[PDB]
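Only one chain comes next, encoded as structure tokens, the form solved without its partner chain.
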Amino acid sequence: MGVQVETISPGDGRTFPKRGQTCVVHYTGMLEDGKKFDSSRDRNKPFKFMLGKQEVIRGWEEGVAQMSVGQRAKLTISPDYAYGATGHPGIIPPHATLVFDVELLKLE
């Protein structure tokens, strides 16, 4: 599987990220058992990335592109769209399905 997008709160339903735009998000990343491994909210600073530059995992590139500005959504990402067989030693185990809570604050 790739990435599944499940809404949490609606956005404007009209403005979706296009290639080359900078997405400003707050996010929380959890393992499939619910353990949080990363969160911009615990740092109290939104996370910015440019769509299409592969600065984020493939599940983020294709999942966040489906969100409208203002939307909060749950992204469930299989390992192929994620850290794969190798994972990230000590943070993300092998073959890990990840769950992200993502809020698209604005586009820059």
Contents of the next structure:
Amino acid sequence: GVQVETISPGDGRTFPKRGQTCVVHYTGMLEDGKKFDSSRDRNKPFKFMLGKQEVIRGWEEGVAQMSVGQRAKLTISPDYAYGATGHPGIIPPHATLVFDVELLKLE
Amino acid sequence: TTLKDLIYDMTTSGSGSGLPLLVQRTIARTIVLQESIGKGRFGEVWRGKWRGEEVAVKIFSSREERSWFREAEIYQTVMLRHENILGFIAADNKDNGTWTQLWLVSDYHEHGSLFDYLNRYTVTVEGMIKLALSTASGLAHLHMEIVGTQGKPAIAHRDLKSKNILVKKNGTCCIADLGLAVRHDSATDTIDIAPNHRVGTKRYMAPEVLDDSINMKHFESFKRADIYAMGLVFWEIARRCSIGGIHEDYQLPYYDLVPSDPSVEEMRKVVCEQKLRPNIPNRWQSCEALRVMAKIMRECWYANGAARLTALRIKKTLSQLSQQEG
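Can you give me the structure for the form solved in complex with its partner chain, which would complement the form solved without its partner chain we have just seen?
Full complex below, order starting with the chain above.
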């Protein structure tokens, strides 16, 4: 599934709830360290509504555990990311993903 | 702002033709399907809206997972943003515990394919040149290796046909369906060829493909095979050029020499053994515009791939023609 390792503490109590929109900054890498996506490089926060599966399972469950302001490393296993298929051209099949995530705020 | 603006703003050295990985799912999942547009051999195409903006969604069926995969893989690894190439937005794998569903989101074009268009309308000399010119430009853009960051490796389509060219509202075309495309990675002299139980549409297959002689270790062979097919497309178009009321009914290449849904063997008899080509009416020799088209068709139809015109050259002679007629 997903492992969440804190890099920098959040307020410790404001966890996203189903229906809310999470605003975050991330950087995704494959296990070997090659980056494959980064809202930071875009200088534009990424937004998604928790519960509507607009993101992979490991994210929906991983970010549901950071509290606003928190920055953490989410290590997601294939069955919680893009599984056997992977994502054409970007993510190899059976890939374990590592994300650097920061929950900026909720809306 | 538009989905195209968005694609531009989120672009970073390293990004593919459409939106970034995670944003792709964000948008794919937020799209509201409107109407089934077409039910092709490889899944349905739906007109969909995203925050009001019209978009196109091709939903592939289990069997073309490989076509879905390759098309998306190509738009992702090869920077393809050109006015004559179907605009890619996002790809998504929405597998519900009930049934997997493969999505391909792209720009929407109401007219549909050149095939639907030509069946619906006859065309003007000017209209013909617009269609043909833009098709050649798109193909020449695919076949071309462009150096640099905003660069791009050469690509061969492998399934060019009326049905895989879309015509925009401005009377222009853009090439679509890159599910069988091959990439030339000159940085290793290799040809990236993806696995699929699917192969080109048989009536548009070049002679070398029909008889299996095509040397698949040489990238040029693939471009030459596309040229032969582009030539048949030009024939389909010219056949509908209406001047003073005279034109033909719409027809697919070899409609008269072959059964519908032709087998490799049947096409082979006509094209390799009998060395036949679609008929070029004598009347096309009078009117200069058709005469240039006809000459291009013939230069595309030689049995010898190496004697065929280049997509760029067709682009050029077509450009010259287009300026001699406003």
